[PDB]
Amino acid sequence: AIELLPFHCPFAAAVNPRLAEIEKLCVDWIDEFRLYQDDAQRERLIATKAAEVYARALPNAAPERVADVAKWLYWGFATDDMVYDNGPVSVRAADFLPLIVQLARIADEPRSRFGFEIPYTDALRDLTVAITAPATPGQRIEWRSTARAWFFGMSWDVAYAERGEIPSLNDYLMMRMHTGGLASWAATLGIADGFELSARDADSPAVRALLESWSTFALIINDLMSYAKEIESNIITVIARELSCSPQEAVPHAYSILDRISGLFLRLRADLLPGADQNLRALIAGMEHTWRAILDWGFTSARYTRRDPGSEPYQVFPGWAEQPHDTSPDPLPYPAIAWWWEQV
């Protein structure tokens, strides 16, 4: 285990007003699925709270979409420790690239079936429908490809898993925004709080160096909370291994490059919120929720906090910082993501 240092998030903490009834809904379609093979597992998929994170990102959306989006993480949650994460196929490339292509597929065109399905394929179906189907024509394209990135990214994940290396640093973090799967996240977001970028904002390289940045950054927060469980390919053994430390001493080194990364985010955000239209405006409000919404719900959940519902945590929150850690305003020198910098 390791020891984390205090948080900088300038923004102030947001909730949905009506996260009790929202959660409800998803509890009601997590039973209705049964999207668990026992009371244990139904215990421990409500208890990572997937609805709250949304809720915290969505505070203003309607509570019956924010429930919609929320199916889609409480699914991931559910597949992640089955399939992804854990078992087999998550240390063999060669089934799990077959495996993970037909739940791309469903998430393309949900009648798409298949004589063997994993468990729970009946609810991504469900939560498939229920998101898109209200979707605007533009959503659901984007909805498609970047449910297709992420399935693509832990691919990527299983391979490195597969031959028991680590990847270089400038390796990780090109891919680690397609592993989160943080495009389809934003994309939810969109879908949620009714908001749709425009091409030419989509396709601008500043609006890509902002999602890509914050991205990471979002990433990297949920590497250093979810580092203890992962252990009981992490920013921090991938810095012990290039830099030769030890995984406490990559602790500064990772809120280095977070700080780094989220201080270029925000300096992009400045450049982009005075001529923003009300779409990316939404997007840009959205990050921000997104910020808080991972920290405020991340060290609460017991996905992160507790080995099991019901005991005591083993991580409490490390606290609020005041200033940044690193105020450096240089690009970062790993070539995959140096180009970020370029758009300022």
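By rigid core we mean the largest C-alpha set that fits within 1.5 Å across both forms. Numbering follows the first chain given and starts at 1. Compared with the form deposited in another entry:
A 2 Å or larger CA shift between the two forms, after fitting on the rigid core, occurs at just one of 205, 87, 138, 119, namely 87.
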The other form holds:
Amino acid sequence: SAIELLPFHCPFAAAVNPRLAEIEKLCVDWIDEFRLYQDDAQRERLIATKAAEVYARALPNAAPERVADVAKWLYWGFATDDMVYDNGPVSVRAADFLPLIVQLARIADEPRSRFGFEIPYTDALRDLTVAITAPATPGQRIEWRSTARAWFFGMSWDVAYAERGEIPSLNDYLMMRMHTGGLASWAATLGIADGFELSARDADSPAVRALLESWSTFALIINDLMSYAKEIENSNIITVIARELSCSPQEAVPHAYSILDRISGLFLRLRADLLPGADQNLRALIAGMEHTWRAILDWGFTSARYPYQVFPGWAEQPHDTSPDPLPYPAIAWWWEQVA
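What would you give as the form deposited in another entry, now that the form deposited in one PDB entry is on the page?
We keep it simple here and write out only the one chain, dropping partners and molecules.
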């Protein structure tokens, strides 16, 4: 059922790498080198995703060669997603998906590993893995490997629910959405491209884990809200809330924006707590998190990926300013880390 999106609140300014044209050229030449398409129409659709632009908005100060290298990960993701999930009217079986997806996880870890059957664009996954990780630090490569595996595992969970034709509970959605969207992998690629790496102490600290998870969750709720209208021409926050509260998709909208603002409000409180004492690496991650929030909104409605959904405008204030913890025990612990 059709929904009316509400305006988005974001207290950060738009930002974009001033060498975007060069970044996009490197990416289009790479798309053609590895032929990440079966026909000219697929090629045009892949370029129209503007994966280089969203990374360039997240990395406005990074070397354009390195922004191009990490954007290959997103172009590969889009190309492979469109292929694997458009493979017949019958939903992909988890038991068929799992043996393929662990092979892709292995190639992200160690591209010298090869298999008796490989899907198209596996050569491209090897190439982008070497391009991204060869120049990185050992610590950055360890983060790349763990976050890629977590995203592949999360994709598996989405396949499980699609096979069952079922909708997860709101608590289970709020636990897993950060994994199904791969935002930890996104953050790992920001570190590699921009040249930062958290200390083990910071990365493990419960306040920084709450910062990363709250940011990952609200960013992917924005993704869900932008992709709904287009997805309706066929596990979205709208569908999950509608089932949870036994209400219509339109009735779910104010609930979705309340959850969005409460999680982004918590993110801002943790940001305010951590910035004063933050070292150069945590400062760089927080900057990347701010730029990603704007990047999703500024690219999401102009990109051909997600008109089906007109930009609903900018909110002069958040939709929900309550500082109280959300009543979802998978994520309620985040509110314990506020100083």
